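Take a look at this single chain in structure tokens; it is the form deposited without guanosine-5'-diphosphate (GDP).
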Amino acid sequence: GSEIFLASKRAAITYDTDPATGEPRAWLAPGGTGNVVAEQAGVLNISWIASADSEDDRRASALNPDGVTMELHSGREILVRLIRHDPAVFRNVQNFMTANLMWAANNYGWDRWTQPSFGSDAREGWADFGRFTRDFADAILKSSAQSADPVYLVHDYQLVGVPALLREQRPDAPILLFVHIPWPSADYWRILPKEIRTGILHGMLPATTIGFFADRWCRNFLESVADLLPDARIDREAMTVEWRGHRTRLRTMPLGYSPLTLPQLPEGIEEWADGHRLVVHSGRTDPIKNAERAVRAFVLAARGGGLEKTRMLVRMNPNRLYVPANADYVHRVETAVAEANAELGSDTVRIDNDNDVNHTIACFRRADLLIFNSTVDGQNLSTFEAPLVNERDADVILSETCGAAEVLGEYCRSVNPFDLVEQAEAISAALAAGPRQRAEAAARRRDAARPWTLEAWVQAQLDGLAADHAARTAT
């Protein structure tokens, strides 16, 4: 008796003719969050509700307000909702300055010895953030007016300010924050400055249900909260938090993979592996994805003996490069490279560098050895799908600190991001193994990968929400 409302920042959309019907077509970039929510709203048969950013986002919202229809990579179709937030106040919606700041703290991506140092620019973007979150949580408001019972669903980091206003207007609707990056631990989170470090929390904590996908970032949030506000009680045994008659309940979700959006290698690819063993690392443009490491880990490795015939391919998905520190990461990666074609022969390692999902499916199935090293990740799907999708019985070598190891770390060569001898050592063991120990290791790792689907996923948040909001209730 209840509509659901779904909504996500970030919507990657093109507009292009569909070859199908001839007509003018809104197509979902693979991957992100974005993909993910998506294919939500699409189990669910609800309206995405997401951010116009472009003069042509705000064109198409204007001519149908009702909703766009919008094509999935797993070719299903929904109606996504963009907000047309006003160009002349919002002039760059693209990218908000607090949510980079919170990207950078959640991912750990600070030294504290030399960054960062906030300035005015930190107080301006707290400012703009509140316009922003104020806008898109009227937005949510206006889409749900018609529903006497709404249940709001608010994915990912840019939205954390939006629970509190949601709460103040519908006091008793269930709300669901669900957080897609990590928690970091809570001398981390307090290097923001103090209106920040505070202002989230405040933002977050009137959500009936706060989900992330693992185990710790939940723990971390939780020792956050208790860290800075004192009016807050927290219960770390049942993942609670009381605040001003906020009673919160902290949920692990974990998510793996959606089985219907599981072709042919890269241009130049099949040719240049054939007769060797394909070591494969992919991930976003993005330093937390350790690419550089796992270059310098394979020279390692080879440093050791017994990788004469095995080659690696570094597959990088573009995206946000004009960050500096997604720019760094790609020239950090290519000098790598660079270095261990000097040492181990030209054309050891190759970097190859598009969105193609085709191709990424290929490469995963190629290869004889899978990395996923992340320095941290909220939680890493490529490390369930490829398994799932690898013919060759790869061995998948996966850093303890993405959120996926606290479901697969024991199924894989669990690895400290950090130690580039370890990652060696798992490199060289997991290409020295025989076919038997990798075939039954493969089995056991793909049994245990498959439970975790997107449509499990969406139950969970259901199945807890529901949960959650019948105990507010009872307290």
Given for the second form:
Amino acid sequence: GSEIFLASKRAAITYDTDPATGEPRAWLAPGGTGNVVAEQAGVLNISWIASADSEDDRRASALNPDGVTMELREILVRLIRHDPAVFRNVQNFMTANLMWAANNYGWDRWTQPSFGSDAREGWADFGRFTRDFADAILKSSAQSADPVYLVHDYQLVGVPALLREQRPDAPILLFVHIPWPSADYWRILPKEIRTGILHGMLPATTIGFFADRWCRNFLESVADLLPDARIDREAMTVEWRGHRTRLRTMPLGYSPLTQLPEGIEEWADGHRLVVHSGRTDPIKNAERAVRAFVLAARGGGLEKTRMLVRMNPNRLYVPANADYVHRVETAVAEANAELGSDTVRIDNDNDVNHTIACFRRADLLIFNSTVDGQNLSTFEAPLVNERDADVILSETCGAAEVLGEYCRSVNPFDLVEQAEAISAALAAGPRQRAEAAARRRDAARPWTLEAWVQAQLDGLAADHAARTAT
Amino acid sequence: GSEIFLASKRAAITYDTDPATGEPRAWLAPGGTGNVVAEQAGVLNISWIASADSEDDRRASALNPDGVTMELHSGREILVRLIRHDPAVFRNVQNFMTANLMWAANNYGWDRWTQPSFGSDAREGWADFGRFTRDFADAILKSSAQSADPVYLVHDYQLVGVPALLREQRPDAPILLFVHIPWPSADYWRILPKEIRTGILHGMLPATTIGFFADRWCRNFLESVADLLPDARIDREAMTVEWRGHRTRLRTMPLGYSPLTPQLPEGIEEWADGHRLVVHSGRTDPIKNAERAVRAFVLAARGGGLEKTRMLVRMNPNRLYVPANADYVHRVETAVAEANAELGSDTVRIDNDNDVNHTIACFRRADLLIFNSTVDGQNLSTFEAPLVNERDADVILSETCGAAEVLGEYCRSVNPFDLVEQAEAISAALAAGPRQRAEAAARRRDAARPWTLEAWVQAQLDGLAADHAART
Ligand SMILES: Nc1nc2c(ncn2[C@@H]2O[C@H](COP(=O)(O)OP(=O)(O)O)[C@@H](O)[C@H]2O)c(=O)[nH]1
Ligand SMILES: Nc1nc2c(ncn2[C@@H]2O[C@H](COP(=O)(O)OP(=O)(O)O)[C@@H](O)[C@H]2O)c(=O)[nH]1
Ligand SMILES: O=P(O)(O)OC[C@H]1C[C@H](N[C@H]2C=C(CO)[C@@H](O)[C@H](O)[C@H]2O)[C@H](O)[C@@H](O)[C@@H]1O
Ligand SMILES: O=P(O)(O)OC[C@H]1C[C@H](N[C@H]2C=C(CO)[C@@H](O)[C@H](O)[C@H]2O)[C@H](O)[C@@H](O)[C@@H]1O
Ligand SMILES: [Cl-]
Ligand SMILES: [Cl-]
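Form deposited with guanosine-5'-diphosphate (GDP) bound, following the form deposited without guanosine-5'-diphosphate (GDP):
The next block holds the full complex; its first chain is the one shown before.
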């Protein structure tokens, strides 16, 4: 019976009042990673450590600082109250202003970025935030004789080294949900950050990414920057200062637990509907999707076709995100002016059910990200689509390593190639689409949240034996 | 006695009239690669094929289509054959090869999030590029038709397509392709449209030897090959590619400077007198990073100790018609204007003119040299400047110049994107005492001195000879 300790920046919690009693209710969101882990047979018990980012979180933390047991089987939820100034700066450190641009290829080098004092301060703040997490995690696991640590996502990259210092023999997995960039791009970052982040990650027993390309890039970055590290590209390992680290690819597609926005159905009725969906993040590439649709339309055959750009607002305070929405609006305005009024609409709202409705209704799905750690939407959409919609998928999504063969895989920067794919996908007959969609669904279906959790547990257990042995 | 055939986009030629007779003169520029090659002991004779890009070049080609026997000292003659491309094709290819396309691709100018977005303009550019490549191959083969065992040396990126076409006609010839600019990471290389990112690799790989100035570029190339050609096999240790029966060797052959390498630009000396002089020099190309140099200088000044210090931004105008170059000059001007407004009038000057002698004078006069490129294929300036500097100037060198693989230890190596690190290096370099600078400069000069044009040519000939045996 392993005692599991899960850490991630955000723990999904729902705060409300009972409709009958009016009593205040805090209750964990269904299908959460912690909930799934709670279920593997091996697991005796689990605690979950995350950041308090809301007033409610804050209150709950003060209220139960050691933590609160949450019934589901039970998982102990411990929220961290960071210093507010530090927490916010770290949030800006993790945004397209810094680390998001670094792992998601947002910088052109010729003009950006130019690191100043702000970068040094952001890094200092990042160390303090990392220390909070490590301390909360260790404290939470103090009684445990054999704690298993699962650290999730980029914000926590510094945590493994600090865990390892206090717990030299613990299984530590770090899972990164976003890409890792080429060695030349990774080293854009200031010296203390580009080496310092590698110092924090490498003491993990296992580092996981969604895609092989990300493991390869990671290993090249290590090789490039730490002259004392030894990488093995075949074995996927790093040996560094007596640290042996295993890199693993553990793809995720979707959670088995997965109506239209106002006026969309009637607006779409009588037309084929091209759907592009993603957060208001420049990587999602909706501007280029729209320009590509416009080029396809010029080719003809698209007269009864409409396009919906479905966006979920996120991080709009970040200039790059705001500017992306501005570029999307511009391209959509210009598409209408040329093609005809109301050919293209944006529907920008945070309602996951609406988006799923868009997925079902689509006659063509476009997930053409400039880059993407994985992209779960491209697994969800074909699985719920009832129209035998083709999928246009960018070759730079991690998901392309699993589904690329089953989709129209495109260079997300080539408007011509993407236009041609849109024309071909729409020209394709019902029987051909129907058969391709069934192949597509079968390729997507196995990659479930649960298999992903199992992959982590097994891969960790196995890497722990190896590390223990060498 | 090997018969050598050299190809490059441009062949440095001087057109003028004899000052005594008034007769028209065309003579090869001294210190040229072709001139150097002709001097090697192995070489029996050499021809040089290049593009006509001037009206003079054009008239010369029409008058001597087969070629022209240009004269060298020591009674060594190099045959020079200029190609008259179709003008429309030639100009578009110039645009393809401009930051508008291929330059941004090998020199990391694209943010991915907003640029680039390839259109029909790229497809046409590629078609034009095939036609330009076919002209070169035809001129080169024709020029070598009589030769029993022609040795082909193909220089620079514009000719990347040439080796495959040479190999088709001449399956057993030694073919070297030397690329003078960086090769980008696999993920960045594959930004380019499918027919370009694979088609360029198809063009290069049949060469016997592919050379770059730096190991990083060879590694990136190999990763690109591995990423895009599932039928290729790479060997990172051996530095080789095997692809469709083609065995290709990658080599790093660093170049520093030509031993053949004055006075300051008007008013620079008096303006600089009484002050320590920070010098940054490069073409008006965004990779040269002068904007960031200036911002870093400003941050250094805020720290104090720089009160008697001035900065000169020496630029050589080039490709100003390309928007990214014009915009770079615009960002530089802005930063220089803002530096003056904050630090004091005339603290920083730009001197932007095409006069190599002026730049060399700037190198001699500098109390601190800054070559902080965002990326560079090599950067010869960083080798030339220390070698002529009389002031024991420190050198701030970007870790992303190919030259950093030879000189990085002997310079203040910096991340070109970190204004803070670069400001600190400027303060430290200027704070350093005369004895420390003197000793560092002598070690710097010793590290730079061996990397001559001639050694580089010899490296190509030997490396090719050796790779030809292996491939054979
Ligand atoms: N909260 C919210 N989630 C959404 C909305 N639309 C889609 N989603 C989903 O959020 C996830 C998006 O993840 P993914 O495609 O991997 O891209 P990511 O945003 O970079 O992590 C998927 O599970 C989608 O179902 C929305 O409007 N609101
Ligand atoms: N024509 C010309 N050449 C210059 C001038 N200033 C410097 N140079 C030379 O041009 C070369 C610059 O090459 P390098 O630093 O390798 O950068 P590149 O411009 O990217 O190839 C050096 O040989 C310089 O000495 C100038 O004003 N005009
Ligand atoms: O909550 P935010 O506004 O900070 O951003 C939403 C998520 C985006 C990013 N999602 C990733 C996760 C996943 C799925 O786990 C991948 O499919 C995505 O490609 C990748 O962008 C990021 O990694 C997460 O930490 C963020 O919470
Ligand atoms: O075409 P131009 O003259 O506007 O550009 C000047 C040169 C810049 C570039 N010079 C390279 C040569 C060298 C040395 O030959 C490297 O040191 C530089 O880093 C690299 O930028 C390019 O490769 C050449 O083809 C160009 O002629
Ligand atoms: Cl890169
Ligand atoms: Cl990259």
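Residue numbers count along the first chain shown, from 1. C-alpha atoms forming the largest set that superposes within 1.5 Å between two forms make up the rigid core.
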query: Core-superposed comparison between the two forms - Cα displaced by 2 angstroms or more, from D172, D86, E308, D235; finding: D86
query: Rigid core superposition, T98 Cα moves 2 angstroms or more between the two forms; finding: yes
query: Yes/no, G409 Cα shift of 2 Å or more between the two forms with rigid core fixed; finding: no
